[PDB]
Amino acid sequence: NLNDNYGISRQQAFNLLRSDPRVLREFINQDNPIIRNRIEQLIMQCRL
Amino acid sequence: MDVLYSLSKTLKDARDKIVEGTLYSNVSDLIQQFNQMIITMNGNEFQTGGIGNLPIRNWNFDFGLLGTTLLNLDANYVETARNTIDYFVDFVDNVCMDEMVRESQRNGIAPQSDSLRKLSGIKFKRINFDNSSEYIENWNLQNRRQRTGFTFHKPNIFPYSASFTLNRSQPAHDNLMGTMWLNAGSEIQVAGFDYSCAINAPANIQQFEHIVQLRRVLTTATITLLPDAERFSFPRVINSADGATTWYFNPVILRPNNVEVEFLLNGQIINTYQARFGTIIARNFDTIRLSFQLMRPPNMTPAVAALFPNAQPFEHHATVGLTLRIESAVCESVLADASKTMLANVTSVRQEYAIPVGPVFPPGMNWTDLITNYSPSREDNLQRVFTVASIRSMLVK
Amino acid sequence: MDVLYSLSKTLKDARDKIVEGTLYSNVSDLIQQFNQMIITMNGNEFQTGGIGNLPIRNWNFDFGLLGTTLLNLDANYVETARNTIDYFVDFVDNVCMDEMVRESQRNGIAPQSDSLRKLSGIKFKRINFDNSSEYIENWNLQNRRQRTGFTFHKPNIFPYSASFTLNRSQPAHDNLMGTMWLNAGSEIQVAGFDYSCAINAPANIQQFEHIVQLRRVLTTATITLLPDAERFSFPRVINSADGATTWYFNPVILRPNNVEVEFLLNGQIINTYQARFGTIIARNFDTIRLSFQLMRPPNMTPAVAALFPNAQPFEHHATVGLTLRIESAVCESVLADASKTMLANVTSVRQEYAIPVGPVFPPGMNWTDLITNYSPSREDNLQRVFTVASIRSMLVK
Amino acid sequence: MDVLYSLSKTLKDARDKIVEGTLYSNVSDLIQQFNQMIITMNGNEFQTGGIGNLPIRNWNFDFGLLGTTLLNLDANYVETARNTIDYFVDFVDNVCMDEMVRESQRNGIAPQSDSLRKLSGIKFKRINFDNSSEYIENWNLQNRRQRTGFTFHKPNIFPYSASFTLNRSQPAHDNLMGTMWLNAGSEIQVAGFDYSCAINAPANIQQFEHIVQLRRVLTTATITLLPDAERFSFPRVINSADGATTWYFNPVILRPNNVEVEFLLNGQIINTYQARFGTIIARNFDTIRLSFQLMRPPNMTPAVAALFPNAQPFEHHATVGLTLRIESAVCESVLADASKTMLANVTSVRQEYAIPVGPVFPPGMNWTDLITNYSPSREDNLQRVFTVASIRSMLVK
Amino acid sequence: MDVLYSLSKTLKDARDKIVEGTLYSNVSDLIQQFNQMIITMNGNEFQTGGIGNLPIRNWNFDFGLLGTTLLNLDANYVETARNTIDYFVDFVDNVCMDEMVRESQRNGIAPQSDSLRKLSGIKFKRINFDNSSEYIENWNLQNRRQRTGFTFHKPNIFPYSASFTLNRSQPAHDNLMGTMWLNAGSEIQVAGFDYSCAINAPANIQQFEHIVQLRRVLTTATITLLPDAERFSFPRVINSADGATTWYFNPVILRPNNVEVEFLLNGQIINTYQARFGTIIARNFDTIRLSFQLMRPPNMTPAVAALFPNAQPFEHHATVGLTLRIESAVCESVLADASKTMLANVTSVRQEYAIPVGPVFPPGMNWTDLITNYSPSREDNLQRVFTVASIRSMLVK
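Chains as they are written, first to last, in the entry's author numbering: chain 2, 729 to 776; chain A, 1 to 397; chain B, 1 to 397; chain C, 1 to 397; chain Q, 1 to 397.
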């Protein structure tokens, strides 16, 4: 979904694959809903 | 762009008209046009692509003309003509896929995908055959500015909003008054709900108003206005504004009386309809004002009287609804519909070739955020990509 | 009228085909037609309007032909072409409005808007170019009487009717049986209700029949038939026939068993579908007959046995519904649709120019009261104005 | 078949263009075409029918050509043109009515109705004028195998399936969990329902998934996704799996959370959309996986806590819905829509001429059981009959 | 395809006839044909491979003709002939190995492996020498549609099915009545077993029937029918239906009385055979019905009377068998046999070059799942690959 809608560079793609906190938080500060939704779902799954 | 449409149209008409056995008296003009296109193209080198996962292609046209000597076309001629046409078709598809992706905040009408800038030259203007289609006609008109218009069936002009509004609320949410609405695509389903059924109200009547403000003016809209909105007519468990708590909503439908639909323009009223339902017309409107009421039945049977008492519990909430669907319409600007695949082609190309996000279109071209802010730059770029999409779809479907 | 269509068509094809750079081989014929149009028009003076806000515009035609020595086209030729075509375009738009805003019970097909009576002369007959479109093809067919047809998508053949019929009633409205229906545009939704859930009936089966009659025949209709209608399936407060009191309707949906859809023609059965749902067909039909049943569930769980007791209170009323939408169709007569704009353009012109109401059309051309009594006079006038409106829309959308 | 479409097109263009007063400059080509058709035809004797109530007809063409010396067309010319055109028109109508009823499992594309095989012979190839229509164009493409496409507005690709699935059930049917779905035409309405509002499930969340599998791939689908399914949102009485007993269903709608719609293809994924509503797109897909949840509200008001207790009675069952409509789409394979009449024409002809059930098509050509197994043989025969139906409809609608 | 067969046949006849010492009187025509082939080929460039582990080999033909100047062939002639023929043979073999692996649902009769689409042109039609083989003859027949036929020896038409059916069951499996069957390749072995030897049945007789419905129609079948089916004539331990438990089966074989074998065709009866065993015939049949009985011997000796008591224990279960093999047959479609290696060549090619699984053939081309649904698409693809496999076997076995 991200690569399609929010067209993604090679470095960003490689680092998202490697689960890199730097680019993850760059997106979360860029206010990317495709990622913020996933993270809010991780919260709603990490509740208990 | 006109030359792009002309290429596409004469290639379409060549794949259609030029078939074995046909009569040269029917395709002489199209053959002269095709040969002129070939001449104008011979000697140029085009480049296509360079954005996202779209490859970089090079085109070099050196073909041979089509013979004007025959009287009845044979297969040895059709085969060569089709070998010539498939290359042009791939070139045009690639140009359109190069042009649907790019954007600009400065002169979006001015072409991108520099092969198309090259085609905009004055040595390529000899290719024009006819510009009859709706999008290209409106393109040429809006350039030679005139009163234009696109025709739409079930247009998507309302951005998705499913929301409510409470004019009397409590923390317990046991005696409410308010209005709910779903504005989506071509439909507006609105429902004014009062939990007391207008017992404490004056004259046993409670009003509701819903104002929709379109971003672009429409014209000659055919609309279907029915009562008893459906998706606000069953039990529900809805969250508060602040998300703290929730509340129950058990509706019971009543008719809206003294109903009124005003189609307005720049605050002035244009059309007005009173107690009419079914099919209606709107000659021009930028704003819709629905106004309806909830009238407590002066007479009541035992059951409904035991449903509408004079105390606060109010376990059956009176409602009054209205569905309004725009079926057809006409607009000076370009939108999406439920008939045409232009937006779909554009979005599919961008999603396929992983186009980075640009300055003009929203990420992924989501029609909600694209029609909630329809600024002239977005409008121009959207018209351009929709036009080249129509072009590409005249050839590859 | 044919001449008017020819004017509109050659003017559209002129604005389209006559562009910068195109090749004279492609437009030689259209230019001969345009020059002939000019030759035949020049020397005639026309008057248009005089009803409502329509100004009384006088048209004089003094134009010169289009040159033919050229091989390709230049801006110095397209400019004159445009300066000559815009005048014919506005003249045609004004004539089309003057013909949309006039009526007649005697010879409604015959041309009103006397400029058009002039165009129907024998000297103007030299302008007929191609009667291609659907409306004008059917016009000429009906003149030369033949099996005609208009193809429609979601047509508005049903007038808005929301009503009920109670075959067992009491003043307290406590044990009722009957059928409610909403017939609007292209959809029907009919729901048979029984408050006793068929406990006192024979064999625990109650019948329900809805007989719809259409004021015009249809053919090759494609239909979608689904169960469990949605707008007669939630709690409701309905009014008496005499409008004095009200009653309550708390439904619980069941399935129609032994459902039967009979599309008839003058009482002669044509199509009969038994327990088929989804997409179905009707080759020719004037009347629809929907016959379904409410069958009490003989094997019941506690949760549902608690709802269908053997005594009168009956706080859950068994309901059985059918939705029937007509998606496409073909009709010998003209109607309104969800795809086309003819009705919208007609009513928009009339509302914009404040035309008084005539002896034929109702006030504001409310489609419900227009299709209720669809007399042949109204049919002829509606065909005429729809044809000239399509003509007008082919130039000014 | 290409020569049949050629016949129909030149006959339509004759009936339209050849009208009193017109200019030979515009019909010279069409007249040379008509006369070549007459020459190709004259001497050939055809037969038509021999199945069902189709009367057996024999055609013998011996006509005279049309003048070419005139300047303006007169009545004594159009009259002969019409006396010649009516014959070919009824001939083509009878041919298409003979070719829409015949079937075969081996080489359905190959023409049946041996008169049409004769036309497919090599001496009749000289009649081809232009294969412009979408259907005949895609036919020529599939012959000269290439990337095809048919564009559809609201296509009927889902067969009627109104069914549920229970993942936790009992004989009493008082604490259930599962998912209901109605898939019909172009719409899917799905609804996951739990009676206990996820009080015992982990994390107060209950998951639901619905996998729809299409029998043919689609492309560029414009889709409308909304929450709060309608026809699974009111009280209901539903039968058991084995048809023995019935159970009650009193739903209460909540919001879908963590909604995700995935458009897949051959098990591989193409598109996905998470919490996006309204207008979305699917560029290529053969499967749709909807996935939603039911999340018990942690905070709750008195009224809703009265409906969601912690014990088994559970007289109000929590639900979560999803409506999904396919407004437009593209497909390499022929289907039915809400815009085109071809299926209606075929089924009407068969119903009218009493065609017994064949080996390929089911009885009555019920689209449900014809798309539940869209075998390539059925696809070929269906494309064939739809093409000749389009052809016939171009003359007799 | 015909040209491919012609290539293969002339190369076979060349490797055979063209040998040292042979006489030009015998190979004049073959030399003319080979030279014509070389001429038709010289100038063309082919590509073969690119699916799975098939290498992508490019073929370029520039060869020299074969003289016609001698009477007896010398080694200096045969050497050139062989150095050309080996190249042509490797080319044809690679083409066939690229054509045996490409599938399609749409037009499976049409050449895949686009080098063969090239060979199917009209500049290559000059190669045809004689289409003598059975497969290629039936191919030309199905193109020029006519009544075909393939002759078969021991045709594998039955999918492997070992299964029983208990018309009287118990949880302990101590008194059973039913029938067992194994259908495999060309043979059926059926056995009706009763544990009580029909003591309690009317007339001391029990009936048994077995209906096999073939997927394709056979003609002129020669059949061998014998009693005492072997593989159900010794002790066994067989599972239950749901697979939970097991039950013993101790057969004691008896003879079928009133044996009746009916070869039917679309429910109608064609051949009936009563009390006959051994060589029999069946002129046309799509279905076989074997109806036999088990008759309690009334006059029993001690040793056998001690086996069939009048109570439930029943440690010896009476059986009645029937074996039926289809030795030879004729079928309008293509199947597999015990005599021809076409299927083996195809499946071996695929297993060798690691061909993925396509939309048509099941994984590994298991004849069971390939015959159990003999779809027309599968029939066409199977006939095509079988024909080219025969072609490749005429060169390399």
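No lab work stands behind these hints: they were computed from the structure.
You may find that some hints are simply not true.
Restricting the straight-line Cα-Cα distance to at most 27 Å, the calculated cross-link-like pairs of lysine-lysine (DSS-like) are [to be verified]:
1) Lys12 (chain C) to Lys118 (chain C)
2) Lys118 (chain A) to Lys17 (chain B)
3) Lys125 (chain B) to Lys123 (chain C)
4) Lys125 (chain A) to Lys17 (chain B)
5) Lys17 (chain B) to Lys125 (chain B)
6) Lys12 (chain A) to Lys17 (chain B)
7) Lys17 (chain A) to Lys397 (chain C)
8) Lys17 (chain C) to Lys12 (chain A)
9) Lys125 (chain B) to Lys118 (chain C)
10) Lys123 (chain C) to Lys118 (chain A)
11) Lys118 (chain A) to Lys12 (chain A)
12) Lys125 (chain Q) to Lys123 (chain C)
13) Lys17 (chain B) to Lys123 (chain C)
14) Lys125 (chain A) to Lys12 (chain A)
15) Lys125 (chain B) to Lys17 (chain A)
16) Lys12 (chain B) to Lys125 (chain A)
17) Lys118 (chain B) to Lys17 (chain C)
18) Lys12 (chain A) to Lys123 (chain B)
19) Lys12 (chain C) to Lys12 (chain B)
Right, here's what the structure says about each hint:
Taking the CA atoms of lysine 12 (chain C) and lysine 118 (chain C), the gap is near 22 Å; set against the 27 Å cutoff, the hint holds. Distance restraint check for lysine 118 (chain A) and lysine 17 (chain B): the Cα-Cα separation of roughly 23 Å lies within the 27 Å cut-off, and the hinted pair is therefore satisfied. Note on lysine 125 (chain B) and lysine 123 (chain C): the hinted pairing is violated, with a Cα-Cα distance of about 40 Å set against a maximum of 27 Å. Taking the CA atoms of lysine 125 (chain A) and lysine 17 (chain B), the gap is about 13 Å. The hint holds against a cut of 27 Å.
Restraint check for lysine 17 (chain B) and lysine 125 (chain B): the C-alpha separation of about 24 Å stays at or below 27 Å, so the hint holds. Between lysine 12 (chain A) and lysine 17 (chain B), the direct Cα distance comes to roughly 16 Å. Compliance with the 27 Å bound is thereby established for this hinted pair. Distance hint between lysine 17 (chain A) and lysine 397 (chain C) is fulfilled; the C-alpha atoms sit about 25 Å from each other, no more than 27 Å. At roughly 23 Å between alpha-carbon atoms, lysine 17 (chain C) and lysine 12 (chain A) fall within 27 Å of each other, so this suggested pair holds.
Proximity of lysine 125 (chain B) to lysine 118 (chain C) is assessed by CA-CA distance (about 42 Å); at most 27 Å being required, the pair is judged violated. Among the hinted pairs, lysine 123 (chain C) with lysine 118 (chain A) is inconsistent with the structure: their alpha-carbon atoms are about 46 Å apart, more than 27 Å. Proposed proximity of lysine 118 (chain A) and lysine 12 (chain A) is supported: the alpha carbons are some 22 Å apart, at most 27 Å. Under the criterion of a C-alpha separation no larger than 27 Å, the hint pairing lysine 125 (chain Q) with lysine 123 (chain C) is consistent with the structure, at around 21 Å.
At roughly 36 Å between alpha-carbon atoms, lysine 17 (chain B) and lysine 123 (chain C) are farther apart than 27 Å, so this suggested pair is violated. For the given pair, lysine 125 (chain A) sits about 19 Å from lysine 12 (chain A) by alpha-carbon distance, which is consistent with the 27 Å threshold. Proposed proximity of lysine 125 (chain B) and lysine 17 (chain A) is contradicted: the alpha carbons are some 31 Å apart, above 27 Å. The hinted pair formed by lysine 12 (chain B) and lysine 125 (chain A) meets the criterion: a straight-line CA distance of about 21 Å does not exceed 27 Å.
Restraint check for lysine 118 (chain B) and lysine 17 (chain C): satisfied, since their Cα atoms lie roughly 22 Å apart, inside the 27 Å limit. This hinted pair does not check out: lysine 12 (chain A) and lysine 123 (chain B) have alpha carbons roughly 39 Å apart, beyond 27 Å. A threshold of 27 Å between alpha carbons decides the hint, and for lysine 12 (chain C) with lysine 12 (chain B) the separation of about 21 Å falls inside it, so the pair holds.
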